[PDB]
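Protein chains: 2
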Amino acid sequence: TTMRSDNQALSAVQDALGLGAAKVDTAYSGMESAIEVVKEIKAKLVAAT
Amino acid sequence: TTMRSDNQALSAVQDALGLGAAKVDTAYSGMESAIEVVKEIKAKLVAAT
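Protein chains in written order, with the entry's author numbering: chain P, 51 to 99; chain I, 51 to 99.
Isolated chain P (complex conformation):
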């Protein structure tokens, strides 16, 4: 009974980890977009010299 309860808890933790992975993927995609935009800004500023 205790091991079955622990297995259910582990399944819940796995679902939470999937949710967290989705959040991290979204945030990292935003980070990549920010990297690209910042690189473009730096290139424009260098051309502005």
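Since the hints were derived computationally from the structure, they do not count as laboratory data.
Straight-line C-alpha distance at most 27 Å; calculated DSS-like pairs for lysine-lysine:
| # | chain 1 | residue 1 | chain 2 | residue 2 |
| --- | --- | --- | --- | --- |
| 1 | I | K73 | P | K94 |
| 2 | P | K92 | I | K73 |
| 3 | I | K89 | I | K73 |
| 4 | P | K73 | P | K89 |
Every beta carbon over 10 Å from chain P, so not counted as near; a handful from chain I, in silico:
| # | residue |
| --- | --- |
| 5 | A84 |
| 6 | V88 |
| 7 | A97 |
C-beta: ideal position from N, C-alpha, C; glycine also.
Mind docking chain I on chain P? Use the hints.
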């Protein structure tokens, strides 16, 4: 990523170098024209002495 940003910066530097080369070429052409005109002036004056 840092190298790609540097490559973009060097591309901007190349564009700036091309613009500066065009400016220098125009200035040099005008300078040569002025030199020729002043040489003509000197020839005329030494004829007029």
